[PDB]
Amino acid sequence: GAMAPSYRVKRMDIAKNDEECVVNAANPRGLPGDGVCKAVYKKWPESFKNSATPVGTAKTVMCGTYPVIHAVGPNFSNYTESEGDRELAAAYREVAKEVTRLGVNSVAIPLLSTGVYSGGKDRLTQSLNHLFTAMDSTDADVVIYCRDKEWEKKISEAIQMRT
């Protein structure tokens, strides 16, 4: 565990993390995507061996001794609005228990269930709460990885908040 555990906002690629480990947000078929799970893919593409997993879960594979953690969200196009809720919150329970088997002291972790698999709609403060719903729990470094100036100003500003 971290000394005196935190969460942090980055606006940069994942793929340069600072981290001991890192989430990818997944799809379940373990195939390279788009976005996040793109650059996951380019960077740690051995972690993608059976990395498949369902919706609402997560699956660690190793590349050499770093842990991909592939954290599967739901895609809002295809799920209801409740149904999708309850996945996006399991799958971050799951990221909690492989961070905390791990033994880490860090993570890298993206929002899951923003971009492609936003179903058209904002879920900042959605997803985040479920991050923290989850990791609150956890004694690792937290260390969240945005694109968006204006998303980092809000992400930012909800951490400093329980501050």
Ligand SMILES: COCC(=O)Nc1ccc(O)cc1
The other form holds:
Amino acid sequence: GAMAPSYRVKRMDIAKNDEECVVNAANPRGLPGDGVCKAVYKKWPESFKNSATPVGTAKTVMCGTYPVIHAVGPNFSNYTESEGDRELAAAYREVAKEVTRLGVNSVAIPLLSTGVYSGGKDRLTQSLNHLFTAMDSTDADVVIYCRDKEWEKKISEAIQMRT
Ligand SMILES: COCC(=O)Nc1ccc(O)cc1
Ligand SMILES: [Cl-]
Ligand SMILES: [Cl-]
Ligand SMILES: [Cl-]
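Next up, the form deposited with the named molecule bound. The previous block was the form solved without the named molecule.
Next comes the full complex, this chain leading.
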């Protein structure tokens, strides 16, 4: 575990992370995809061998010794708000199981279902609160990656508001 487990947020490409493992915002079919998934595919393409996994689950594939945790958030275009909310919470619980199993002291994590799986809605708070619900019982340092300047501010505020 980390001596004093923390949450941080950085606004940059998660492919450039400084953590012991990464969470991919994956699709269920293990395809290169778009956004974070495409960045992950470019950086760690070896980790897409048999990475397909259902919605609401996480599947870890090693790129060398570097773990890539493929977490499949729901596409809110396809799910009802109720069912999508349940699957989004479930994907994060599976990330927390994998982070724990791996014994890492840090993890880089994007906000699941906030980009092209958002169904055109702002899901920062929904996705971040499911992240916290799952990750709060873990002792890894968590570094959340985002690209938008206003999202960085809002994630940073949410982290600071609970310290
Ligand atoms: C069951 O754990 C498998 C594993 O490889 N874990 C791991 C631990 C630390 C690290 O920095 C990278 C990976
Ligand atoms: Cl960058
Ligand atoms: Cl997304
Ligand atoms: Cl963002």
